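A single chain comes next, written as structure tokens; it is the form deposited in one PDB entry.
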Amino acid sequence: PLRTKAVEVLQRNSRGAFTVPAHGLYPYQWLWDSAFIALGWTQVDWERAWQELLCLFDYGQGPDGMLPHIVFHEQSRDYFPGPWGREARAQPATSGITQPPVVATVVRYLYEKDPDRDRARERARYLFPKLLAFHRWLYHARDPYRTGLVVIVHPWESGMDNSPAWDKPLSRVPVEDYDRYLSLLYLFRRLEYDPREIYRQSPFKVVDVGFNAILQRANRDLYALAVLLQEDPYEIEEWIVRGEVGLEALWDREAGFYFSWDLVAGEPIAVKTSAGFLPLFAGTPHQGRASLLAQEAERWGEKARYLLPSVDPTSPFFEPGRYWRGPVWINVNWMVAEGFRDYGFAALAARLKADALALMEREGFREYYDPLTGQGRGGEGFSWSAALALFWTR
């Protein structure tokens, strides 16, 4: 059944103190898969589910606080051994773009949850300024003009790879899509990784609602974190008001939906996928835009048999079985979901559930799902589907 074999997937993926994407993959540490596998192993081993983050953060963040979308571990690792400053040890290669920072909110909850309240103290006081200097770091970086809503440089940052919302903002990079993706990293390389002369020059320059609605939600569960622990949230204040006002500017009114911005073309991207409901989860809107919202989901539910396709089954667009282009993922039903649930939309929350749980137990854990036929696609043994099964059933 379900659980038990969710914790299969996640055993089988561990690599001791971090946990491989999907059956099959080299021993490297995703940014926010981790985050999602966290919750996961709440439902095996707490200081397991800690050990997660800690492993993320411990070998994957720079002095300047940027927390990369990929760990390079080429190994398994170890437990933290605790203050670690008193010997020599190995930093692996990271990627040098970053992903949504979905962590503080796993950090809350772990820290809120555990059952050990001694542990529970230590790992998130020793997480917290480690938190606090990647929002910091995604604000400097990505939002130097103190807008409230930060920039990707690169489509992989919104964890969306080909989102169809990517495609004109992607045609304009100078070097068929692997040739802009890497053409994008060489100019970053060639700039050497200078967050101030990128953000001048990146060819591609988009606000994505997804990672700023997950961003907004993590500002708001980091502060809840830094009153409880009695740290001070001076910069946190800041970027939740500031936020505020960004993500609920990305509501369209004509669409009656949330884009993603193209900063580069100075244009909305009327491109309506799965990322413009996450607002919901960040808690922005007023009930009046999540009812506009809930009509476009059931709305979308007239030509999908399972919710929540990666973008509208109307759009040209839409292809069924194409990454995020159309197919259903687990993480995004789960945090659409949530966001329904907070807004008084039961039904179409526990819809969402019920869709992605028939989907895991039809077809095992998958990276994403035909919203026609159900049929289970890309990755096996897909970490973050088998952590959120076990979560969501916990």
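In this text, rigid core is short for the largest set of C-alphas that superpose within 1.5 Å between two forms. Residue numbers count along the first chain shown, from 1. Compared with the form deposited in another entry:
- Among the candidates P68, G364, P27, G65, displacement between the two forms reaches 2 angstroms at the C-alpha for one position only, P27 (superposition on the rigid core).
- Once both forms are fitted on their core, a CA shift of 2 Å or more is seen for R77 between the two forms.
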The other form holds:
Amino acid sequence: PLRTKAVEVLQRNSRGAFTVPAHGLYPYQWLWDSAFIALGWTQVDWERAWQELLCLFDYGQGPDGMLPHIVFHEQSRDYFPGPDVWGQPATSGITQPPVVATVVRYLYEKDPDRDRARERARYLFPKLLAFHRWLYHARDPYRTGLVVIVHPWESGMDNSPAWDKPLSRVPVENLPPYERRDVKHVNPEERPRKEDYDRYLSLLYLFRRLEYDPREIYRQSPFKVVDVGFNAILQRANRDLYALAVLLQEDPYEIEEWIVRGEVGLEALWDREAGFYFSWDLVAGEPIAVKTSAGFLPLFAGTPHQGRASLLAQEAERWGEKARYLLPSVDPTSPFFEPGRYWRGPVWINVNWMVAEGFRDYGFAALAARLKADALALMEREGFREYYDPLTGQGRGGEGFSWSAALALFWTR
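Next block, the form deposited in another entry, ref. the form deposited in one PDB entry:
The following holds one chain only.
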């Protein structure tokens, strides 16, 4: 049965203190993955759920508060207690959507062991706060209330069609050849193309040349985008961090400013003519007029009014006129729709979950139930995969994919 098989996936992908998103393909700890995965662990062991996030901060967080999207843990034997019991990993230099405070609030409020909850939350709170502070200091220099991503990887939605035009400005001349490894695990037709990776690496090399300095990265990056997904997730996380601060009796004045200015910013991304939220390209100084599943995420933030939520509900229904399974990652009528290729059409369980949560919060119970039912149907028939073809339901991407298993467990708790 579903829950039993989901637990098997999480335990197989566990490395003790963290969970790989998928064996082989993603053999390290990822930031937003660990946050979703921790919700799954609440169905197995509460301590284990906390440990996922302790590990992320303890081994990932940099001295300036930055939380990187990958912690490159060295491979260990799946045995405890090993020689290190009887007797500092590298990280990436970019971030990912900051869903972690939302998960921490949930762990804090619902852990049946209240002494443990207080100990873990008090430990993590100043670390979360330092991460959020880094985001505004490094990525919102104009005090807008919106944070900028400098790499499409930071959206978590690597090859979203939203990033096509911004990425077209990234130089690739004299880029040395490099060796792809994702193609050992996943068919290239389901992955970003060569032209995408060329530009992913060009950006990396620029940042590395700049010694990962925030000021020069902001000024020099040829990719500067206000991602609706990243920002909706940050607004939600700020609201949840505020609640933690009050419950723990810390001063949240700083967080209140982020919330209020962020509400203004996130609502600015709404395009009335399109009836949808768009990411913005700050190099071109233009909205990116591509409707992706990320544009539903302000529901999860809780910023729109009901009318606006109702227009999104209509749009989700429209996408459902063309795809059997909600929610495709891009509008199925978009000329960029590719039903098998990663973030250009396939259904993702984490986004179904966040968007169902948002719709529920706005009273759209039928739509929330549909998003759940489709997610669970996909996993029942095809197992725990990274994404699914919205037309056929076929599994795609990573096999034994952790957040799919995790959210199967969480959603059916």
